[PDB]
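The chain below stands alone and is given in structure tokens; this is the form deposited without this ligand.
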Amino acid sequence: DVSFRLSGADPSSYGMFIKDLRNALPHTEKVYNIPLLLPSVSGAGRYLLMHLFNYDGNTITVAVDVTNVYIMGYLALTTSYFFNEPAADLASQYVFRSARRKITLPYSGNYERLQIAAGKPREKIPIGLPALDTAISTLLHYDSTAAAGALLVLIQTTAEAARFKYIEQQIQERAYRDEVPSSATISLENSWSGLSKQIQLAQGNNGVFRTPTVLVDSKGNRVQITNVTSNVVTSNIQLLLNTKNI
């Protein structure tokens, strides 16, 4: 368990939640000083439970695969909800078995299918701590269209912030006012797998990527990352997806 309370939340307590989230993910090595997530984990140890409390103190518990930071499903009162995909179905064998009923959401967890279900891309969905409080409250009342948008908010404010310090900082800036994610934020989210792969390939290649990774920077400009000396590698990314899962 890691925990976050929106009641009384500020940039510091959110920082501590994101720190806790990162520290709960097991790893045996660092690659260029960045934790390398495990190739796999067998049984219930695969999944971390995040306890989130909205402002009024209602709670959901979110199940996260510790090898890839993917949200598999969540529990809200006595009802469990899982994405419609095999990994989630497998997770439902291990978490929230005490739920009185289990609902399978009518989409998978990937951004493309979530955006379809929600009626909108995530460029247009404001994120922040208030949006996170809203998302928690939404997931309490099954509505599958509303839940898709809530889940885009949740994934970005939790998993994506764990992966990148820049995104954590973006959410901290939106502690008391939501705002659509920066282009750079979207870019990083979409590049995580690729960055993770190229950082791993750079080991044995003198710190140079085999294939450059294109990102958008904080001013809106398209930039190529070619090696591990980039600030994206030294001072941004916090977790690497294992190339075994790429």
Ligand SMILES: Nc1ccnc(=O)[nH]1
The other form holds:
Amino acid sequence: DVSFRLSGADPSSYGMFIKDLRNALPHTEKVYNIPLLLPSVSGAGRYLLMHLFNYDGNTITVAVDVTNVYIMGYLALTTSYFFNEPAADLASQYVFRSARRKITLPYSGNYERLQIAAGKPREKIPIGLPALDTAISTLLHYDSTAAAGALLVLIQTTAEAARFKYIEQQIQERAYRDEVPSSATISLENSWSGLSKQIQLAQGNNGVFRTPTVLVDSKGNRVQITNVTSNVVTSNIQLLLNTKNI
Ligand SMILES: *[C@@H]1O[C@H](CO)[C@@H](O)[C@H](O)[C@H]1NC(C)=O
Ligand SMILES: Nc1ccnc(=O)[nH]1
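Switch from the form deposited without this ligand, shown above, to the form solved in complex with this ligand and output its structure.
Zooming out: every chain and molecule, the one shown earlier first.
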């Protein structure tokens, strides 16, 4: 398991949590020096538990699929909550079994459905450590509309930060003040699968992407990633979705 506590949290302790999260995801090889997530894992070993504590010390446990870093569901006191999707129902067979009741959320876990439920795109939702503290607090007591927004914050400040050093740094910059994500942040989130695939396809293509990936950069400018010498590949991305899952 991995843990993070918002009480006394600063950029350093957050960075330690994101390091812990990355290191909890198993891999057998690296591709261009980046850990390649496994094609599959069977049984309960597929799911990582993240223990998150809000400023007041209340806690949820979030279940994360270790092959793709997708949040499947979470436990708040004696109630489990899972996304309305087969991967999440499957996860419900293995985690939080001792919960007194299980609630299936009235949406799946993908960004498009969550944004619909939340009533806003995540371009408009501030993120940061304060927003994460709020999100944890919200998830403690069932409210499916508020939960959708909280889950958008949660996914971005955990999973997305694990996937990209840039996003981790953006959240560190928002340690004490929330701010909506940069366009670059949004772009990276949306491109993780594409980048993961192209970096793998480059293995037998001399480091050249079969299909270039269009990103937005730190300055709001739209750029093309064509090969593994790009900073996105050498710096930034920290985990690869296995092409077998793409
Ligand atoms: C590779 O990508 C680098 C970094 O973005 C770029 O400067 C260069 O033009 C590209 N070279 C090839 C061979 O694709
Ligand atoms: N890490 C993630 C979990 C759920 N949905 C996502 O889009 N990403």
